[PDB]
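Asks: All chains should be modelled from the sequences, with the hints used to inform the complete structure.
Listed here are the chains, written in short residue letters.
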Amino acid sequence: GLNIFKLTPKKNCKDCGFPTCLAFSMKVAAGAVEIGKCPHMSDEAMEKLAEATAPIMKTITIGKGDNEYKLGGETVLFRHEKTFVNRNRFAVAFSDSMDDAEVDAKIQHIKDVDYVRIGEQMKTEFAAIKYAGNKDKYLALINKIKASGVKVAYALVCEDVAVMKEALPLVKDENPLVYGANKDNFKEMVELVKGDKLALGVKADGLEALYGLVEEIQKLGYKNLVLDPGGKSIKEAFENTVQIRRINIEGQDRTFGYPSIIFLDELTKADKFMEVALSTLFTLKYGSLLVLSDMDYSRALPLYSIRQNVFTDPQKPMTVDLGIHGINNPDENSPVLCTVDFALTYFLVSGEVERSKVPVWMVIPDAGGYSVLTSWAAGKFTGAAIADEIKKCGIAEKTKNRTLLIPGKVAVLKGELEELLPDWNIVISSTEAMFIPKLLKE
Amino acid sequence: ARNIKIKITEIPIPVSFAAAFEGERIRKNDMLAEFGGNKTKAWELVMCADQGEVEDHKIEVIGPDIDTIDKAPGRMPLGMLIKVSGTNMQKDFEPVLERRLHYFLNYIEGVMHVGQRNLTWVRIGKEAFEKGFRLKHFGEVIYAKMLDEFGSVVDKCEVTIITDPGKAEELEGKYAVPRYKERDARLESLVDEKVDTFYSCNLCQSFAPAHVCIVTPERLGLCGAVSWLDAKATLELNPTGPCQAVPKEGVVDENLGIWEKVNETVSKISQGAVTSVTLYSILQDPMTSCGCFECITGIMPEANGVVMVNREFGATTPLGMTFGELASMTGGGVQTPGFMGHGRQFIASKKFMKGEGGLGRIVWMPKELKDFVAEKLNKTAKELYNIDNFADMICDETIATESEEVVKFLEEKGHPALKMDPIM
Amino acid sequence: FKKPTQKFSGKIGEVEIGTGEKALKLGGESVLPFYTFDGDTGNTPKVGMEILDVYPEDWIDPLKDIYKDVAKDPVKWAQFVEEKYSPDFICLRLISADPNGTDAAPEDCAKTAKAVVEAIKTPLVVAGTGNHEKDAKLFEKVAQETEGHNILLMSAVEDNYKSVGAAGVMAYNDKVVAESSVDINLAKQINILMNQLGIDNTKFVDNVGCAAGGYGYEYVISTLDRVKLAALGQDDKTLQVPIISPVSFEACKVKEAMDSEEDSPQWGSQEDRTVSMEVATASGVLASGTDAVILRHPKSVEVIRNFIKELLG
Amino acid sequence: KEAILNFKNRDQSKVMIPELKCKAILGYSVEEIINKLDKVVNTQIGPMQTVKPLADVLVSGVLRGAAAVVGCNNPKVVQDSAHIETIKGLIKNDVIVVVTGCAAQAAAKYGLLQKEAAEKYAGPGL
Ligand code: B12
Ligand code: SF4
Ligand code: SF4
Ligand code: NI
Ligand code: NI
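As given, the protein sequences belong to chains F, D, E and C, one line each in that order. All residue numbers for the first sequence refer to the authors' numbering, where the first residue is 5 and numbers rise by one. All residue numbers for the second sequence refer to the authors' numbering, where the first residue is 285 and numbers rise by one. All residue numbers for the third sequence refer to the authors' numbering, where the first residue is 2 and numbers rise by one. All residue numbers for the fourth sequence refer to the authors' numbering, where the first residue is 380 and numbers rise by one.
Please keep in mind that the hints were generated in silico from the structure rather than gathered at the bench. Warning: the hint list may mix true and false statements.
[To be verified] Below, in silico cross-link-like pairs of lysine-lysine (DSS-like), each with a Cα-Cα straight-line distance of 30 angstroms or less:
#, chain 1, residue 1, chain 2, residue 2
1, F, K115, F, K18
2, E, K73, E, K23
3, D, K289, E, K138
4, F, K10, D, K697
5, E, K12, E, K26
6, F, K176, F, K239
7, D, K552, F, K320
8, F, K10, F, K62
9, E, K135, D, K291
10, E, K135, F, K52
11, D, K532, C, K415
12, D, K532, C, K393
13, D, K663, D, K516
14, D, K323, F, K418
15, F, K191, E, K4
16, F, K10, D, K692
17, D, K552, F, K18
18, F, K227, E, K4
19, E, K4, F, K236
20, D, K516, C, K471
21, E, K238, F, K86
22, E, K189, F, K413
23, F, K115, E, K135
24, F, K320, E, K189
25, E, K8, D, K552
26, D, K545, E, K189
27, E, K300, F, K273
Replies: Pasting the structure below:
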């Protein structure tokens with residue numbers, strides 16, 4: 005970033021929303037903001053820094069405000085090297101040849117599978133509507149999905165340009181993914197898709213053919229592309245995906261710098277457990293949009309949890325909100341518990357309390373996102389912090405029940421907590437969360 | 285003759301001994317005995333001695349014991365002289381072992397001891413007295429824990445507890461204060477050129493996969509809790525631990541702090557993520573930072589200098605970023621030229637930014653941090669030949685925070701950084 | 002464009018578990034998992050089945066229905082598992098030695114392990130409890146009784162690495178698992194301690210920690226990635242040992258798998274959720290660099306074996 | 380100060396310093412030797428601060444004897460040749476060698492005043 009700082013006007017005019025040119029240079033160095041934000045940049049420096057700063061992998065935005073999803077923007081091959089930026093999305097595959105009962109069942113499955121895990125809403129993102137040969141039934145299917153009310157983004161999978169020219173205006177205003185560009189129709193697809201700046205799906209036979217097709221499409225002047233790795237088998241598809249990502253990153257080649265779409269329903273032949281295995285594989289192996297034959301809770305529970313874990317920033321652990329977290333509606337005569345702001349620890353303790361089916365007032369002090377032991381070591385989950393959080397949160401609503409449960413890891417805090425909370429009854433609990441229910445039954 | 289050591293199964297004390305007993309607060313009216321603090325003179329000392337001078341497992345109590353107390357409180361001097369003998373025992377290991385005393389005593393329920401050296405006070409409740417606790421059990425516990433924890437560096441341990449008013453002060457003057465003064469003198473007089481090996485710590489690689497800390501006498505571990513002597517003690521006590529010796533061989537640049545052996549060690553420890561480092565520079569292959577650093581130093585080009593910010597500072601900085609943004613940009617084990625994460629003891633070091641003219645480039649610093657650092661900073665800048673109070677040339681957040689105002693202040697005050705060569 | 006030619010100087014060592022025609026080999030690869038387009042993958046990752054030395058009372062209803070007439074006798078349970086499902090190996094977990102639970106003497110568990118190891122031909126993995134002090138004595142007696150079968154002993158942590166290493170590799174010619182808690186540096190430290198003790202890389206495997214999907218899973222994934230990159234890319238000799246992951250130990254214990262359909266009607270079939278959790282955790286750890294996975298449900302073993310065959314074949 | 384001021388008269392074009400230096404360890408007074416011998420004294424036996432360990436190794440025959448190598452150089456002998464050959468022969472025969480003066484300096488230049496020299500030149504007992 006200091007390098008781009010040399011090219012900056014150094015006026016510190018605050019016209020870009022950043023107080024100093026160094027701040028702007030560091031913001032564009034991280035890739036958060038493009039360089040076009042500076043009005044006073046010299047033209048030549050702009051023309052050079054456009055190429056110098058351009059990300060090695062392009063981010064593609066699909067969907068409207070509620071269903072907006074970004075795919076791409078990756079910089080490393082392993083999450084420990086640097087965070088993984090944009091998480092993969094899931095599509096449910098509807099087909100023209102499918103009967104009404106199956107379509108209704110899949111619509112209901114998409115609608116029902118929707119929950120929240122640690123503040124994030126897990127639900128199906130995309131509806132991949134494929135063309136099987138009947139244009140009228142395909143239009144009827146896409147209209148039916150649009151009329152059902154499911155909150156999903158649209159991905160039209162149609163090889164025929166003639167059918168797509170009629171299918172696109174039905175969902176054109178929703179910013180869909182247009183798929184079906186080949187070596188013999190990419191000319192007819194770019195002109196159809198470049199007007200509204202919609203994402204264009206590119207497919208071919210093999211990495212070399214795909215590379216040539218993408219080169220031709222880029223020569224046409226279109227960069228809002230989503231690549232489809234080929235492969236007649238699971239092994240070939242895995243090889244193609246891995247090689248596309250490694251060429252983009254290790255090779256520093258921007259021809260393959262686009263998110264990949266993988267049709268897992270076709271590779272797995274509609275096998276639920278094989279779909280789960282391949283989805284877990286491609287969550288870690290550069291698959292950006294995974295298409296599945298169906299979506300239920302058996303699929304969603306592992307896949308969404310693993311996706312939430314993997315695409316967590318290594319330097320920014322997930323945290324829960326602070327203050328009072330009422331569990332099991334714990335009004336009047338309920339034990340008070342305290343734990344650490346860590347998302348994982350809070351999830352574990354909340355699940356254990358829910359299993360016990362007993363009211364509990366849980367108070368979450370500020371801890372820096374560290375765990376029980378390492379937050380005390382850092383100096384956040386101290387007795388003073390717990391006492392201050394108890395004083396300020398508003399736990400004084402209760403009158404009689406005054407037991408305050410403390411993690412067994414921090415046993416030193418008992419004296420300090422009793423000193424700072426003479427009224428409260430500090431009770432050191434066990435060392436593990438499995439214990440929570442049996443000690444609370446006591 | 286066979287170097288055979290027999291380990292003690294349990295501590296011979298009536299009072300139960302467990303690690304969960306730390307931090308217990310025990311009532312004032314139950315305080316049978318209280319030594320140290322503003323009331324009495326108490327001290328502790330762990331000193332290396334030759335095998336002849338210390339006899340193994342000899343607990344000597346001199347003066348009245350706690351039994352003689354017949355009033356609700358107790359008030360008598362307490363002096364704990366611990367002599368340790370061993371083949372690998374060194375004076376530099378004395379400050380480490382002594383620290384563990386704080387912990388070794390706190391694991392005993394009924395007694396609470398806190399403090400450093402002669403600043404320690406110990407409070408013993410009457411429940412331990414009823415159980416049968418005496419002053420000899422202090423020696424029993426200290427001997428057992430010294431032979432447990434430091435059994436690889438300590439062969440014999442002798443603990444003497446002194447309660448007489450005369451012998452407690454006589455032994456403190458003869459033994460305690462000279463040890464403290466020589467320890468402080470060694471801490472202050474150690475420089476990079478005097479030593480022949482640095483140390484490398486990778487304890488923060490659990491969250492910063494590429495970070496390697498290079499600890500030198502004049503460059504502290506940026507967590508602030510690891511020093512050169514601490515690294516040496518950790519390497520001796522835990523050879524397979526995070527602190528490993530780095531020979532200072534194959535010098536390339538003495539001013540910028542470039543060594544071929546240091547580069548090789550950093551490359552190996554970081555698993556090849558970091559290739560070349562410079563110890564004394566922030567613009568040429570700087571050292572990485574993890575995220576435990578107390579202070580962040582960032583280059584200010586318009587001032588031709590550097591600004592600093594601690595984690596307790598929440599307002600903006602002349603760089604235009606807060607501490608959170610600087611920490612996000614700097615930490616994570618990534619080499620970011622122009623930004624550095626470091627501790628509070630590294631500011632007033634003669635190796636601080638030695639590759640860019642030294643610490644004379646510090647132009648902005650928070651007011652509380654400036655007040656904390658001023659004495660040592662002024663000493664080092666006087667080594668630079670600057671004025672008696674160099675910290676006055678350093679701008680504060682109250683004086684000026686906008687970059688233009690900071691430069692105006694520097695021009696008014698004649699800050700030396702404005703008269704140096706360009707920083708980058 | 003240039004094909005990505007990722008050449009690694011390092012190579013994972015091979016460790017052999019079991020005796021006879023059923024003995025398996027772990028490790029031997031010089032590329033990332035399933036990277037058949039980059040070079041040589043040494044041995045196919047192995048899938049083992051978990052059984053208990055006592056009746057499984059906390060297991061889900063379908064699992065107890067599968068082993069209704071064999072779970073009471075560990076010998077019969079192991080024979081049934083080897084006959085009907087024929088896994089790569091069987092992990093006998095000595096739950097009865099848990100000090101928290103119905104604590105049992107090491108002699109009883111050693112006798113059970115000896116009875117089991119003389120009835121099956123597949124390699125056996127004997128896993129202890131979470132208590133290090135109990136584990137040391139238990140593995141002493143287990144390795145003494147099960148001599149001559151080249152079993153694998155799990156959870157040789159730094160606290161008791163000397164005891165399990167001596168009673169295992171050194172005395173009775175067994176293999177051991179050096180376990181470290183989700184840290185590359187801790188894995189290096191335990192490997193270096195084992196090497197300094199007198200145990201080379203051909204005589205133990207590594208356990209860098211395991212976790213269910215969504216419960217500290219990214220730490221396991223990052224540890225596996227870092228260990229694999231250091232062992233292969235950086236040619237780090239202290240990490241060139243195969244990795245074994247017990248997946249069913251944590252995957253089947255989570256709420257997403259344990260809860261029945263009565264507790265969470267919207268979630269659906271309990272068996273499907275259990276199998277899905279096992280499959281997801283196993284697939285992730287296999288893709289990140291593990292060499293053997295322990296599973297519980299037979300359907301999970303079938304799915305994971307098919308997954309491995311599809312990726313490698 | 381006279382020596383320092385003469386540095387201005389240095390002619391660097393006439394300077395040739397061979398890059399040949401050798402590490403040496405010295406300082407073995409009788410007191411230092413006794414302090415070193417204290418390491419091999421069993422504490423439960425003693426006594427400390429005596430030459431008794433040296434007397435023991437000499438009496439037992441682990442060391443055959445002790446030899447002092449002293450004296451100057453002489454143009455009649457190839458310089459340092461006799462010192463080095465005598466010292467190497469003696470230590471190879473498990474005779475511990477004490478050196479003084481120009482002989483000691485010949486040993487220092489050659490590299491015999493090193494701990495490593497024990498495994499390079501000495502016999503088994505020494
Ligand atoms: C993971 C980890 C890290 C990760 C944490 C990841 C994260 N995002 O939180 C990171 C790398 C950040 C970390 C850092 C450090 N760590 Co650390 N860390 C650990 C580790 C491996 C486990 C902690 C953990 O994740 N636990 C799981 C979480 C989900 O559970 P938990 O919060 O511990 O709570 C458990 C119970 O208490 C219970 N529970 C919680 N609340 C309640 C309430 C009640 C009523 C009940 C009944 C139960 C209960 O629930 C959990 C069980 O399910 C331990 C190893 C060990 N031996 O414990 C070391 C360890 C705790 N770390 C340690 C240290 C010292 C540090 C550092 C200070 C130095 C270092 N590098 O080692 C740094 C931090 C530097 C700083 N000051 O900024 C030490 C702690 C020693 C001490 N002083 O106590 C350990 C033991 C390692 C070591 N030996 O050096 N660490
Ligand atoms: S608009 Fe450009 S010159 Fe003005 S403050 Fe922002 S980065 Fe600096
Ligand atoms: S910051 Fe401290 S603990 Fe972390 S690696 Fe550096 S010296 Fe070690
Ligand atoms: Ni650190
Ligand atoms: Ni840090």
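Asks: Evaluate each hint against the coordinates.
Replies: Evaluation of the provided hints:
Between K115(F) and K18(F), the direct Cα distance comes to roughly 47 angstroms. Violation of the 30 angstroms bound is thereby established for this hinted pair. Simply put, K73(E) and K23(E) have alpha-carbon atoms about 25 angstroms apart, close enough for the 30 angstroms limit, and the pair holds. Distance hint between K289(D) and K138(E) is fulfilled; the C-alpha atoms sit about 22 angstroms from each other, no more than 30 angstroms. Between the alpha carbons of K10(F) and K697(D) the distance comes to roughly 27 angstroms, so the proposed pair stays at or under 30 angstroms and holds.
Of the supplied pair hints, the one linking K12(E) and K26(E) holds, its CA atoms being roughly 15 angstroms apart against a limit of 30 angstroms. Between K176(F) and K239(F), the direct Cα distance comes to roughly 35 angstroms. Violation of the 30 angstroms bound is thereby established for this hinted pair. Our distance criterion of 30 angstroms between C-alpha atoms is met by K552(D) and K320(F), whose separation comes to about 27 angstroms. This hinted pair checks out: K10(F) and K62(F) have alpha carbons roughly 26 angstroms apart, not beyond 30 angstroms.
A hinted pair counts as satisfied when its Cα atoms are at most 30 angstroms apart, and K135(E) with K291(D) qualifies at roughly 20 angstroms. Between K135(E) and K52(F) the CA atoms are separated by roughly 66 angstroms; this puts the pair beyond 30 angstroms, and the hint is violated. As the CA atoms of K532(D) and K415(C) are separated by approximately 28 angstroms, the hinted pair is consistent with the 30 angstroms bound. The straight-line distance between the Cα atoms of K532(D) and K393(C) is roughly 33 angstroms, outside the 30 angstroms bound, and the hint therefore fails.
About 28 angstroms separates the Cα atoms of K663(D) and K516(D), which keeps this hinted pair within 30 angstroms; it holds. Using a Cα cut-off of 30 angstroms, the hinted pair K323(D) and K418(F) holds, with the two alpha carbons roughly 27 angstroms apart. Proximity of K191(F) to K4(E) is assessed by CA-CA distance (about 28 angstroms); at most 30 angstroms being required, the pair is judged to hold. Straight-line distance between C-alpha atoms of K10(F) and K692(D) comes to about 22 angstroms, which keeps the hinted pair within the 30 angstroms bound.
Of the pairs offered as hints, the one joining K552(D) and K18(F) is violated, with about 44 angstroms between alpha carbons and a cut-off of 30 angstroms exceeded. Annotation: proposed proximity of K227(F) to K4(E) holds, straight-line Cα distance about 23 angstroms (limit 30 angstroms). This hinted pair checks out: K4(E) and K236(F) have alpha carbons roughly 20 angstroms apart, not beyond 30 angstroms. With a C-alpha separation of about 38 angstroms, the suggested pair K516(D) and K471(C) falls outside the 30 angstroms cut-off, and the hint is violated.
A hinted pair counts as satisfied when its Cα atoms are at most 30 angstroms apart, and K238(E) with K86(F) qualifies at roughly 25 angstroms. For the hint linking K189(E) to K413(F), the alpha-carbon distance of about 27 angstroms falls within 30 angstroms, and the restraint holds. Distance hint between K115(F) and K135(E) is unfulfilled; the C-alpha atoms sit about 51 angstroms from each other, more than 30 angstroms. Straight-line distance between C-alpha atoms of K320(F) and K189(E) comes to about 26 angstroms, which keeps the hinted pair within the 30 angstroms bound.
Between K8(E) and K552(D) the alpha-carbon distance is near 18 angstroms, which keeps this suggested pair within the 30 angstroms criterion. Of the pairs offered as hints, the one joining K545(D) and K189(E) holds, with about 22 angstroms between alpha carbons and a cut-off of 30 angstroms not exceeded. Restraint check for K300(E) and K273(F): the C-alpha separation of about 18 angstroms stays at or below 30 angstroms, so the hint holds.
Checked against the numbered hints above, the structure breaks hints 1, 6, 10, 12, 17, 20 and 23 and satisfies the rest.
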